[PDB]
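One chain follows as structure tokens, the form solved without ligand GTP.
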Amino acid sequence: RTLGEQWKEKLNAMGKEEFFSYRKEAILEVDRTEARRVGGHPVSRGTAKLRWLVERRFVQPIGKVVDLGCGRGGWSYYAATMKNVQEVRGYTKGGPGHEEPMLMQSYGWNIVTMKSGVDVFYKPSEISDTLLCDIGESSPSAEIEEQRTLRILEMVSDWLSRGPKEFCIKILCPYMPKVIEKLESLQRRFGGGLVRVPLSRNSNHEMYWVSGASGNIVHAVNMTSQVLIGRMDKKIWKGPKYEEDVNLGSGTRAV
């Protein structure tokens, strides 16, 4: 079995307390204690991760942006603040137990449309310039997550065949053999590479297939596996490192 599976088995074996501590050890963490009181305060902690990728040119949203699994709309409102973005369309399932789009008046809200009650697995693909997808339901089973990840990759493939040259797709479980194989074919066809965003907690192995990255998928996945494993069983927990939360400003925008 893979290093990923080993990390997963170990994680699952962790006690409640150990787990809580491990979760944010040496990670990058936003100060959300100000976001909780529009004043350009992002909806969620997902905003910071997209900002991390874009700041480093791993993805450059442009034109018509589609955001699959938009939830409250962190990614959708962020994309609306990008210079070359003209329209942002979000889709999310909503409903009991799930996140509803939160209406904001951060900068470019006038160009953001978010539709709830949409299961994107049954939604026919449409043309976009930039495809964002942040779907992935966790499970202690690597096997279960493998199958979910593959279902999302199959769904993402259909939108990516409509011509977006910019993309950012969450890979819930990048370390399983069948996912690794599918990523390689998808990389061959559409390019990009896998990146580990350091704001992600150590309790998950999520990586982002981003169009501005490149390189050997297996190596990148294995590197993350090892870093995550190296952070377990610490003598002293030093905690997370912080950065300022994103500014989304306010008001309508011209396009």
Second form
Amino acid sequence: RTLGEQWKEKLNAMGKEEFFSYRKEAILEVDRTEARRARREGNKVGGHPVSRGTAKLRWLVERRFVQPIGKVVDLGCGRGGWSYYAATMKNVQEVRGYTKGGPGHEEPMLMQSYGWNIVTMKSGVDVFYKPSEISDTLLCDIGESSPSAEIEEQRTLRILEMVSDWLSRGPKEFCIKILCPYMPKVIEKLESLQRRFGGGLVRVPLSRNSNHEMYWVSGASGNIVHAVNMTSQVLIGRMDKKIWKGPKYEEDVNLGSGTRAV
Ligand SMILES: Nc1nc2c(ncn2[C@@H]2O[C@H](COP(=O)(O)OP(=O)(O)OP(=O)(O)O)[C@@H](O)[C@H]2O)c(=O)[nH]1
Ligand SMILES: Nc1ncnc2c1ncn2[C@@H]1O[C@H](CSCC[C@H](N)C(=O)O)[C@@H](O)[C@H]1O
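Same protein, different state: after the form solved without ligand GTP, show the form deposited with ligand GTP bound.
Time for the whole complex; same chain goes first.
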């Protein structure tokens, strides 16, 4: 069994005290106090992202791992961190988000960030049963953690099934969350999908150590197995610390406000 599987079982044997110290050890982090402490203040235009997801997408975009353009489809948009971030970019003509919403899942929040006007987010949409549509940029950030690697594997495999349908419609810019990249069956489907659609897997340092999520991005390249093992080793390397030095903090993105005519 793989290093990720070993990391996983090791993650689950930890106590609560250690788990909480561990999951944010040496990771990158944005302070959300400002964001959340400007909900009741009734401010749609302070540039405060709706989620931590925006900073994740920025990290990738900044490094040219994906370059949003044209019609953007955002699968499992949730609150809209990714959809609104895309909306601020000048090559983006349209942003269409879909999320399931409902009990125990995020709905699309209203915001008035820069270019919010080209954003349409529909809740009550299970993407597993949404016919695909042509897009230029396909974003997908779906994947529910579970203590069981096997469940995350089945969940990942299921997501990789439908993503493939949307990718077959032409989008050359893409960014797909891979919940459990370290299980063998997942590696096998990913090699096949890479063979066909290109791209690579990238670890975003804003991800917590309690998860192994990697992003399949059009702007990346290289050997998946190796990329995945490198991430597993880093995650294991952060275990068993005597002194927990905590995370390193980053200023959140400023998404501004107003509209744009495209
Ligand atoms: N040892 C230990 N492992 C845990 C515990 N809670 C979760 N895990 C493991 O960590 C994995 C993912 O943790 P999450 O808490 O979902 O990760 P997160 O993104 O920080 O989630 P939120 O902070 O709840 O939004 C789970 O699938 C478990 O394998 C815990 O109390 N103890
Ligand atoms: N089958 C499904 N169909 C549509 N959305 C789903 C889904 N399964 C999970 N999701 C949604 O996918 C979302 C991922 S979290 C969305 C984060 C977003 N990128 C942001 O920046 O805010 C969750 O809210 C969840 O409700």
